[PDB]
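Student: If you want the building blocks of each chain, they are given just below.
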Amino acid sequence: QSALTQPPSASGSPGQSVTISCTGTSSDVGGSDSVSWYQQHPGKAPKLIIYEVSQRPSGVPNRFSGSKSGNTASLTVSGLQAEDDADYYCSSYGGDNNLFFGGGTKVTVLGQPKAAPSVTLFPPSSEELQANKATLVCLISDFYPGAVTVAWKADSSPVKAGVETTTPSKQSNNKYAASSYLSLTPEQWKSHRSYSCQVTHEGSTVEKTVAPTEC
Amino acid sequence: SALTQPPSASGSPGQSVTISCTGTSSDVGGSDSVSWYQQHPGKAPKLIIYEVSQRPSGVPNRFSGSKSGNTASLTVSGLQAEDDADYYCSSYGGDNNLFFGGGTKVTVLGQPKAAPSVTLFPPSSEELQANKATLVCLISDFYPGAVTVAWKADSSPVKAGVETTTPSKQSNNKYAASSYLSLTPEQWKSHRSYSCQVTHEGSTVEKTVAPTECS
Ligand SMILES: C[C@H](CNNc1ccc(S(N)(=O)=O)cc1[N+](=O)[O-])c1ccccc1
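Protein chains in written order, with the deposited numbering: chain B, 1 to 215; chain A, 2 to 216.
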C-alpha cells in the first residue's frame, strides 16, 4: 500500500514547459527501467504517454519526454497546450510482482482563451410529440471557462418549472458543453407563441427562440 | 480499446459481479499475463490481480481472476461500497507489447435502476440557415450514471464530430447527458438517416431521424 511520491499539482501557460517528479526507492523506480507515465482527463480512460522510463508509444508527441536519476523519474511536457491539462500518474514495477503507482500530479494550463458559448435551441421532435412529450433542448457548447447560467422564457415570461441543466463537461476541443432541457406537454408547447433559452457566460447573454413549426 | 471490456456492471451490497476482458490468441489467450486495476475516480489506480489469478498483498479474496481462451474475468463477490470504481484489464502480446481494456464502471446500487429517456432532435431551422446540422440525443432520468453512445450514418458507425457530456446528477437524483453530432448541412441532407444508440445496464435503445422538406 506504498505510493510513489509526486507533487499534487504543477502549472504553466501555453508554450511553457513543466517537469514533474516521481520519487521511489532503490527496489522500484531505482531498481530497473520499468517506469510508466499515464495522462488522464477527469472521467476519461488514462493514456500511456511513457514506458521503460523514456519510450513514447505511437501517437504521443515528442513534446513528452521521460527520464530517471537514481530513485526519481521525471516527465517533461514542453510546449504546453490546452489538451495537456490533466492528471499525470507514474508507476514502477518493484520486486515481488508489485506495481507501485504515484498519487498523481494535476497539471493546470493557466490562461486558456475565454470563449462565448455556441447556443442551439431545438423545438420538440415529431417522435416525442407522437409519444405525448414536448421536451425542448438548449445545447450550449464551445465555452470557457466551464460556468454558465440558463433562464427559459414562455413567450416573454420567465419559466420557473420543468428546467434541468447538466453540469458542464470539458469536451475533445478542450471547451465545455452542457444541455438545458425544458419538459413541456404538447399542450404547453402548442398554447404559447414561442419558448426561449437565455445563456449567461462571463456577464454576456445569448438568447435563442423557437416557435411551434408550420410544417 | 485494444482489449474489449463491458462499459458498465452493477449490483447491490453483498451481491457478486463478473466483468470480462476479451482479446486475441496473441495477447489474452497467448499467456498468463492478465492484470486488473481498480480506480476510484480522480484517485491513483491500484493493481488488484496479476498473472490472471494472483492477488497483491492486502487485496481481499472477494476479488478472483480467471481466464478461458481469449477472455479473462474478474469476479467481485459480496460487493461493498468501496468496490464502486472503474476496473481496467491489461495483457502482454507478442512483441511483449502491453494491451489495455476500455475499463468497466462497476456501481454498487445506491438507489433503484432507471433506464434512460432518449430523445433525438434533428437540425433546427436556425442552425440549418447558419450552415450547421448538429443533431442532439438527450439522455435523462437514468441510474446508474453510466451510459455509452454510438452514432450511425445510415448503418455506418460515425466517430468524427461525436461529443457526449459526462453524466451529471439532476434535481430528481437521476443522471442526464446529451450526445451531439456536429454534421454539415450537406452530410445531413445527403444521407437517408442518422441514429443515436444508447446502451445502459447492458440494454441498447436506438432513435433515428431523417431530413424533411420543412423545418
Ligand atoms: C494502469 C491503468 C492504465 N490503463 N491504461 C489504459 C486504459 C484504457 C485505455 S483505452 N483501451 O484506450 O480505453 C488505454 C490505456 N492505455 O494505457 O493506453 C491506469 C493508469 C492510470 C489511471 C488509471 C488507470
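Accuracy of the hints is not assured; some may be wrong.
Over 12 Å on every C-beta distance to chain A, these chain B residues come out as not near it, computed from the model [what the hints assert, rightly or not]:
no.	residue
1	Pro61
2	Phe64
3	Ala178
Quick list of in silico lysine-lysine cross-link-like pairs, DSBU-like style, CA-CA up to 30 Å [what the hints assert, rightly or not]:
no.	chain 1	residue 1	chain 2	residue 2
4	B	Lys106	A	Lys47
5	B	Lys44	A	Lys114
6	A	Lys160	A	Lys175
Think of the hints as simulated: they come from the structure by calculation, not from any bench. For every residue, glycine included, the Cβ atom is placed at its ideal position computed from N, Cα and C.
Student: Now, for every hint given, state plainly whether the structure supports it.
Tutor: Comparing the hints with the structure gives:
no. : hint                : verdict
1   : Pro61               : holds (19 Å)
2   : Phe64               : holds (17 Å)
3   : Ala178              : violated (6 Å)
4   : B/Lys106 / A/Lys47  : holds (18 Å)
5   : B/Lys44 / A/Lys114  : holds (23 Å)
6   : A/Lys160 / A/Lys175 : holds (28 Å)
Going down the numbered hints, you'll see the structure goes against just number 3.
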